[PDB]
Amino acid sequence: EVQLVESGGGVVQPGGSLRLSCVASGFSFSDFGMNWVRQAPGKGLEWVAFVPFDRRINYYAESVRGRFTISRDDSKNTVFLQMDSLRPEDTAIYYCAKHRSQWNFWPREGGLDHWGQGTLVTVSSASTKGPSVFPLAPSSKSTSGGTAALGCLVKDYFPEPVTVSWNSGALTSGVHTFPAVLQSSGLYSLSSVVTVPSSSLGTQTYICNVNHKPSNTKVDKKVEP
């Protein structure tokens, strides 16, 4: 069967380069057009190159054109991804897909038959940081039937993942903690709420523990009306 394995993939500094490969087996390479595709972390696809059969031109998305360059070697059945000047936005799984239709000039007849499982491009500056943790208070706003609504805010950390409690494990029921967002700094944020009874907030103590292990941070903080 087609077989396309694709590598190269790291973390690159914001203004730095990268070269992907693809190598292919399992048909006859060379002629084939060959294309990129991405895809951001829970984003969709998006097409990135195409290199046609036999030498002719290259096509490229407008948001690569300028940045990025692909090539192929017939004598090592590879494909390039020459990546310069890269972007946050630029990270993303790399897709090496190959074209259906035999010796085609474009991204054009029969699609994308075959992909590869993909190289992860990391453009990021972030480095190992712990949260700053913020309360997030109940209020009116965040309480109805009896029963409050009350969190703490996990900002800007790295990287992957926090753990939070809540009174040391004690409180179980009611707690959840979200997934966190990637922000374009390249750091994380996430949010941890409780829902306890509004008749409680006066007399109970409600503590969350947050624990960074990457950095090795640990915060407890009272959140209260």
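Numbering follows the first chain given and starts at 1. First, how it differs from the form deposited in another entry.
- When the change between these two forms is described as the motion of two rigid parts, residue 89 sits in the same part as residue 3.
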Given for the second form:
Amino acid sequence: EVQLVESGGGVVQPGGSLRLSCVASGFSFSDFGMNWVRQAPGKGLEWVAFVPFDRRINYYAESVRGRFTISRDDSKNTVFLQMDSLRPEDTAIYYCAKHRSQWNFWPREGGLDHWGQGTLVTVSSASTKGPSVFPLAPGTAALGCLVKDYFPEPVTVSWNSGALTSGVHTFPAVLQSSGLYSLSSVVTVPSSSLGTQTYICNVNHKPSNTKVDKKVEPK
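Follow the form deposited in one PDB entry with the form deposited in another entry, if you could.
All you get below is the one chain by itself.
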């Protein structure tokens, strides 16, 4: 079976550099071109670069040209992606992908026949930083907690120490233009309970040993 295993992804500051690897087996590595394709989380695929089976010319997407450098070492069945001058918009999962057609010098005939599971690269200039928790105040009602400006992932959110589970939804985090994460957790509840029942969100941010409890109230 074809195997493609990417690695090397992690956190790196804007303007910095980072080098991804892809180790391959299950086919004659030296006879095929290779590609890197990237995907910012919950967004579309974007082709990054191609290196042909034998030295000639590497091709790059306009958005990475001059900053990124693809290459390979046949002796270890490895493709590399050297990323310099990283920008925040480079945050993405990077997949390594074998080219289908044998002995091709362009990423042309056949498309990309096999892809690895990918490696995540986060471009932020930030360190361990605890969330600030703000209430989202409310026959049904929506109420919640805004979990703002933390790094890195993840936080976890419970309601009423776990007793409340129905109608709960913790969204996925968004990485902001500031290099920090924010998420929301929401509960839908009976309007008629707003005066009587106590709603507390429990926000756990392990990377900083921070727990925050926030009672959220009408008005």
